[PDB]
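Quick heads-up: it's one chain on its own, the form deposited without the named molecule, in structure tokens.
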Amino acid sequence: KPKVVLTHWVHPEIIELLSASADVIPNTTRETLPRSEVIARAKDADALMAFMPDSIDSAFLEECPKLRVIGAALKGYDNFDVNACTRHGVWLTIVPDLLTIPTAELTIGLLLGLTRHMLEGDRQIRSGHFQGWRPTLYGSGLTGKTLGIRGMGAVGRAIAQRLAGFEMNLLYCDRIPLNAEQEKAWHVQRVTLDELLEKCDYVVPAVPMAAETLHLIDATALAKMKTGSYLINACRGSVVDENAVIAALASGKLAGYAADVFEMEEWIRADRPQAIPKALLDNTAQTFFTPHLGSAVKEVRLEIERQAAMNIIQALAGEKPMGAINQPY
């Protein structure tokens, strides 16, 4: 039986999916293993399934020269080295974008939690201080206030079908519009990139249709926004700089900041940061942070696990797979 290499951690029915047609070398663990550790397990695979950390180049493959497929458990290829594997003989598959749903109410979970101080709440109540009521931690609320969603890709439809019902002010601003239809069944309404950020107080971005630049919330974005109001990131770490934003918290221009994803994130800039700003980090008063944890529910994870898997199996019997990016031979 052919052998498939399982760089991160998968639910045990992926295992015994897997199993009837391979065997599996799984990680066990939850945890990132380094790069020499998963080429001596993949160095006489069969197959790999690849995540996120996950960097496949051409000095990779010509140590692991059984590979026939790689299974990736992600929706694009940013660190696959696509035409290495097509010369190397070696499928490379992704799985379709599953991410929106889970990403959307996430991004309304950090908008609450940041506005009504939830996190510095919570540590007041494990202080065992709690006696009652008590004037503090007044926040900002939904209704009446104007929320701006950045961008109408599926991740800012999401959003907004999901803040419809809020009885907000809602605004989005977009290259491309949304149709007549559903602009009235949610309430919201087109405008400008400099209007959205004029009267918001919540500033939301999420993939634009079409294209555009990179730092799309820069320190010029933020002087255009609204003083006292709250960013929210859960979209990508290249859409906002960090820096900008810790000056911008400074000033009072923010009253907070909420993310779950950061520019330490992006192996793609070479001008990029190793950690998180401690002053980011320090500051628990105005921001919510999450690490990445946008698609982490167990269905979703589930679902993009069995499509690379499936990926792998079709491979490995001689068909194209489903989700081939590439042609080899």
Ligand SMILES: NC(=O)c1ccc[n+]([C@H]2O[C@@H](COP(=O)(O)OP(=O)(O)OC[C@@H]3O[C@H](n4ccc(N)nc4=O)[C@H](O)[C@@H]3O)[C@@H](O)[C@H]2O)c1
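Whichever C-alpha set is largest while still superposing within 1.5 Å between the two forms counts as the rigid core. Numbering follows the first chain given and starts at 1. What changes on going to the form solved in complex with the named molecule:
With the core fitted between these two forms, just one of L74, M209, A158, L112 shows a Cα displacement of at least 2 Å, namely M209. Superposition of the core reveals a Cα shift of less than 2 Å for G228 between these two forms. Here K184 counts as shifted, since its C-alpha moves by at least 2 Å between these two forms after the core is aligned. Taking 2 Å as the criterion, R123 does not count as shifted between these two forms: its C-alpha moves by less than this amount when the rigid core is aligned.
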Second form
There are 2 protein chains.
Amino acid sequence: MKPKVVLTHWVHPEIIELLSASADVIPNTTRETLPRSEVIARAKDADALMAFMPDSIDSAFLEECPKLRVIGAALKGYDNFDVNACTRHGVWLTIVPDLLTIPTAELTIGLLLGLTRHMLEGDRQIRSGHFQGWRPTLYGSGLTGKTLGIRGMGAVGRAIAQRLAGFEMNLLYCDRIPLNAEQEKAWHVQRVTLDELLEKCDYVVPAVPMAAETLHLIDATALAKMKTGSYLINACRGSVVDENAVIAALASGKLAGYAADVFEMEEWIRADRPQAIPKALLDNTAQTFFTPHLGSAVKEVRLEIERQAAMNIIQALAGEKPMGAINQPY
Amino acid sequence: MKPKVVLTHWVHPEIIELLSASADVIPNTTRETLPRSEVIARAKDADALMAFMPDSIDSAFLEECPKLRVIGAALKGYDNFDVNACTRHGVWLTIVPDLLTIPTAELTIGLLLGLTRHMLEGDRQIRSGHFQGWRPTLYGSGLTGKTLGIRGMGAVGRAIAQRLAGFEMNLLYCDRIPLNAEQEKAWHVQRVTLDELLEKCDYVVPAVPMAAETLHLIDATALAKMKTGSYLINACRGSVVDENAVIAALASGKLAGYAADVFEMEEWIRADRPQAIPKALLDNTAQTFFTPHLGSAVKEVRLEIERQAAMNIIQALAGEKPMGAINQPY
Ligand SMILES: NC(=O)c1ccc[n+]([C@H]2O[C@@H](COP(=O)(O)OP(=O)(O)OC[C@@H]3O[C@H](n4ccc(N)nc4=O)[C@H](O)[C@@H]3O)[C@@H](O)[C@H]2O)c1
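The form deposited without the named molecule done, now the form solved in complex with the named molecule:
And the full complex, kicking off with our chain again.
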């Protein structure tokens, strides 16, 4: 009797209980992305699907699941979705507002601190048991007094600036669209060009989306005209920074270190691609700091993203117009 | 006939060339602590000595070094120098100002973020090659909205608070001395007691020293009263945290994590001392973030500490009362 909702990725147990009131829930009890064949097989008679970023909902998917009334994306975008095929197929598609900006600003500040202060190699040096007290090693660079440029004064770029206010730094920013007056002084930031930002900075933090336009914006050329011994911190998307241009600038001492939350291997919509992170980056524990796309891996934030995709599903199955709907099925 | 100066630990070449104008310098070319015997054999006919945290200057030391006119310590205190012995033997003793504050406050925040966002464990999974793009794992804890608590508002607790101003947290503070009206508002921190701040807090950060009073101030009794699943960040001095009471707090789920830059193991001035950090903490990679007393391991700060040790030596060797003198011998 109950509609069925298939969840393709693990969710908190409260959201499954929330969904059970009006649907029978087929969760993914693993922390693993199931293969597209196993997802389609589960969704085939499902009234609803909660979709995550591995899911690519095309007409092929939708024709394998003719009972689909709603796809509730736990995503802020719809790139991997055929919005009009969902419309043609009488399938509400819903999305959730951006709850990822603060957890990604916070993490970006984490990568900056961990990498400029050698915190990983310092943690390894404690695990090894050889610690006998302070030594004149792992000397890093400080924050106060330094110049850090934000390439991309967006949502993330903003919250970063707001969160470095107390750090007595000198913040620059290179963006296509400038900012107003009040914010530019509120969070003491200054506008400047890419060749000038990139040349006059100690730490470079790109916050631009991935486009057909700006890809490898940080390439061999960009890296060459920065301050020697600078630091590159990349929590935007993978293919914006040339992981091989930094393999060389690492060995040549041009930049002091690279921290990353993303990798070009992480982009399947891209037709250029190595299936692994460069092995020379993965062996350079002394100048690199890496997280596996953990920008929004905060329990509270994921709970709320999940909550909203679940509400979208409960509204659509109830006959209501769902709040995240970006679509009008007939 | 140039006076001789022994430096017990590595210093930047800039400092050596500085001291080379007025003395012959015997440096520690490595990043290691020479043993005492070796320090003594180098300093046995030294006119000056630059001392660091491992050094411990007692009467036996001085009686082995008779030409000694000055000990210029690259430290802000003198707990391991028999000052009056120095006076008695005709040797100046100098220290440097406290310049450790801001680099310590920044590293504390680094320790907070890295622990709560599982970045150590994130890096390992990256270096394991098994990374395959986003997954629903390594969900950590956010800052915004959470309540963090600074036990003691000295210089470093101010710097920590001032820096966290832009992170949308709820900050409390408990020092026995109060803070003035307006700085307490630009940082949005609030007066409360030890019993209060421990009850209401997800993050606890001690920022008081050890003395006779205040050691194992974070003990079983304190850990009995905090929040379940809370975090302890200890980058002020060691032994203010009862490490083994923290080893229980983790196991009983009372603490979700412990990060520290300082240990109990770092104190030979207490009749309670094995030889290491307990390896129940060293094996706990998933709940602990550690660093080897990197509180002030930034280049610009180490350099300037070395320069003031250097200047103090030059001054005394030239017959001047050295600016950092904590004594007056004859
Ligand atoms: N690691 C994560 O987990 C994570 C978390 C959240 C989001 N993301 C993803 O979404 C982006 C974040 O940035 P954003 O602040 O969320 O997005 P936006 O406001 O559009 O960005 C600023 C923009 O830059 C523009 N621009 C400027 C010049 C130019 N030639 N082309 C441009 O395109 C223009 O000015 C605009 O302000 C990337 O991080 C990406 O990886 C990842």
